[PDB]
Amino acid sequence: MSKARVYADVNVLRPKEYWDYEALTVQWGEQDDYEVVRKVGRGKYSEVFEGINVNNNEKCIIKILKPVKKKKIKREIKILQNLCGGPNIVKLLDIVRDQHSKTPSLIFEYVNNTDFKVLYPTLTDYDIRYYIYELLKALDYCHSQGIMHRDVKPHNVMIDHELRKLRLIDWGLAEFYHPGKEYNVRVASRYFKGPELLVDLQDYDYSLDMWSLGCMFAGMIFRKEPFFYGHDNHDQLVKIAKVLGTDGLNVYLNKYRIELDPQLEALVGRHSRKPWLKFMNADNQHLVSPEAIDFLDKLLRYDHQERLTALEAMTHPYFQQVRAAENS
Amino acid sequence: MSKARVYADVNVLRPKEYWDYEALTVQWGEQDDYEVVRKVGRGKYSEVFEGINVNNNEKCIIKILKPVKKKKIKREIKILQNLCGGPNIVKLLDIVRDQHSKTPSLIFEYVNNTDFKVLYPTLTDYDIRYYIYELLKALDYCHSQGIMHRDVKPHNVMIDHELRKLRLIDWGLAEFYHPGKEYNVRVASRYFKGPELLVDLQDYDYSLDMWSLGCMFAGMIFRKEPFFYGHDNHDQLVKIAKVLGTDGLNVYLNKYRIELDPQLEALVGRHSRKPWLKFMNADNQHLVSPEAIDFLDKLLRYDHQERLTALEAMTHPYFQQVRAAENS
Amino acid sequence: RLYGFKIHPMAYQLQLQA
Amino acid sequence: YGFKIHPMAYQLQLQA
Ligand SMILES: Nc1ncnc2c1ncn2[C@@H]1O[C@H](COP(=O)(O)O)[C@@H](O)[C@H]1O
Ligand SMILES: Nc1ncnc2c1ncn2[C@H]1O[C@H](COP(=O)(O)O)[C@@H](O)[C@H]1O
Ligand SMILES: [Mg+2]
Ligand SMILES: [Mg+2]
């Protein structure tokens, strides 16, 4: 019983090839153009190496896509080309195959980054406000472009703290939003799946990303990643219930005529909502603020319809300070 | 029905506390002795960071053990203490709990390393022979000490090609060998599990590591990692079959009175053995040598009994050159 | 107890990156 | 030849 409440048409109006990505025809650049230097990461569907551009001598990231449907690559690629240039959007610099093994790679722009787990603590109330305001420009942009990043969580956002620069990455789960489409709920990453994916409400929208931002931000101010720690999809919803309280999970469910598999019903059970302040500990107190709370609270709603839009959130009292600093 | 054919009764002769690791009592050193700097790896059971010793100012590796039975920690701890000093054995430098959470972290010696995927290509026929000979001193040592590393594969061997130095790491799967004990076959890593784990022959021995050394090597000289690429344990055996051929898988099975679950029988099927030369391609030809083949061949046998000992392999014509360079 | 800046349980310093 | 990974050659550490 959903449709997007912002940018619902971003693909309707656009030429079909804009979102008809299987129709894409990859225009391969020059492998020889790059050399690899060190492995740096290795995701479910990819392997990441830091490489280099022999021509211009610039550092770069080589993502070598592991075995997956060609159509699931033309997606990444298209989405990426569609976003390129977007504020805080990771930048695809060239895509390369390989004369022999026929093996596509995505060669991105390099970001020097510090794993959140070591970086975040380091941050100051301000620092956070800033990076989320930055992270926000990325989501609002891309949503505006008809796209859903569908897998927001620290590890997919690079921060060059030395340059207060930020990039949103892994558009391997991003997908085009089309009003009323029934999408797949096996997306995002456990911890950061929104209720809709956990109760099977398939015609979801950009809203999903808001909830991820929700968890991501919630955990940063409270210093408790993952905020909602499910051991399993069902558990996740549960762990979410014990915080937002079941009396809302229900109202939600009826609104969208959704039905909990019994059992999931069971496991969840009856739970009252836990108000945000019961997470303000001594160690985290400097980040928690009446605003951080309003803003978090307006991200974390069972109902994706009632979450803030990216745009909307970029105006929340939390960001006033930061938003000042750009104007100057 | 198996027993080790080398080093079987060593843990028999040694004082019970030598292998009776649950009996260990961790003597924690001082955390504040170290500071964390960059994450650098994240395994199933651990998270790896490069840190530093503030007293001596030496780089070090901090392995932070994720949630697991205390006894499965006293194991590695003990195993590591037992090996410490062993040739090419990663060296535990200090172990640590944490003030509250109460999570243990192992602080190892540092190795500057280059992911095999990036490094190996780079090696020369001799480079390989050397590194394997080095990798062998590790395995022969540790076997001789009653231990099975049960996880041999590239990612667990650190190479500082700059100093031709080598360390075998992660002993989270290594276990003490006791004659006739029925162990667990959910070990090693798919690609490198030997037949015995794939047909449930639980009383296995050091021999297991030999097969992993087998795959690891095979893949290095042929340039085809993983050599045997199973998508699943069943599939793994299958993929093995299609190379060593089923006429041997059977002689093996009967010898140890082992019975394939039907189905696995099915999936495997009838297959002839593919002779090692059928993997000598043009690029890889410089590393493939009558010896490299004999050696490989004597590592990869269905019958663990018939595999080379570590020691025995450290004398194989492949290593003659290296072995020379040694006592020189 | 001048405490602050610690993952799992170790104090840590800077974004010393590369 | 320039040893190569998947498809790109590999930069170098140095030695002079
Ligand atoms: N521009 C970049 N700079 C640095 N690391 C990156 C970059 N893009 C991707 N990675 C990383 O590689 C990992 C995952 O690859 P991917 O599946 O492409 O998202 C991330 O957690 C990062 O460590
Ligand atoms: N002592 C160590 N020094 C450097 N890297 C290590 C160490 N122990 C584990 N690792 C690594 O953790 C990553 C993945 O773990 P593994 O597959 O066990 O190699 C590797 O790329 C290495 O960076
Ligand atoms: Mg993923
Ligand atoms: Mg998913």
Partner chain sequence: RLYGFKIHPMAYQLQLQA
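Between two forms, the rigid core is defined as the largest C-alpha subset superposing within 1.5 Å. Positions refer to the first chain, counted from 1. Compared with the form solved without the partner chain:
- Measuring CA movement between the two forms with the rigid core aligned, the set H231, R257, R186, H100 has one residue at 2 Å or more: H100.
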Second form
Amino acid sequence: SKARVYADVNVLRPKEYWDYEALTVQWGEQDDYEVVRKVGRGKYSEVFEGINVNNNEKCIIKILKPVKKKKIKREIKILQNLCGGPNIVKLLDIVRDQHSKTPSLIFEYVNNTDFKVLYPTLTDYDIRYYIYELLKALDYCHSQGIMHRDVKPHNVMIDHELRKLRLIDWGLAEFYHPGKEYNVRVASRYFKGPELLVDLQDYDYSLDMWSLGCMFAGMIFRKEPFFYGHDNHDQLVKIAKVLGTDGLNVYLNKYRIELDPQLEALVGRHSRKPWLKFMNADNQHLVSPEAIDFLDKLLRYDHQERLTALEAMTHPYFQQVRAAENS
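Which structure goes with the form solved without the partner chain, now that we have seen the form solved in complex with the partner chain?
Lone chain follows.
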């Protein structure tokens, strides 16, 4: 399998651009950024709202947990490559501790409003607007030959008063190389696409479009974990109970995917449930025919069938956000 767009980005580019294992970090001074208050936790890091002793300007301090230096250089190179793009968190500095040798990345500051309290107040228009903004971010990184691989509400900081948005945490992101076989243990369980669950290793940028699709579904239907599985095998069962099992067979047969006996039996056979059956008094104010058409074109088992970030931005559903942006 090969991406349908931006497939040759790293083929035309000098190895310097994507060879991150050869990156030589030019650390700065941890003696220049002060911690103010923890704002986020994580399996690979801790986030802190900090201040820049110099400019006096606020900032975000990310302290990385202990991991192989390969994963640290990867996140750094990608952030350097993406700096400047629309709605991409901007990396400002890189520092480390002298004794512990603990790495720390310095980022622009963004208030960030907890999604479990924000999303419920979003209006029909707000949703169209913020998703459109996230798509600018994804089309940009895909155009630069990079997959984020961890798209979820937690990695999208939103300053709802300034209506500003940023895609964050590029700790699992990777460079896309046609035909390469990547690790399927990326992203958070609820946003993992079928390809990661059936073990299709040569996946591409379309993986991020499935994750986005799960996010979108969660918002219009007012049901955060839209696909709520307790483990990976259970995650695929949940997906198959909504999209139907016939579509999964086509997918499996097309890419000649095995699918072990346990997960297969575990999945069984299910008919497809039309999107409208998920509508209820709590979410009918957000479920329009256009929203349904858009979501439908995102959540497709076959990664090659999904809309690209660029096609998504032009969908009629964002019709007013575009006109407002134009003038």
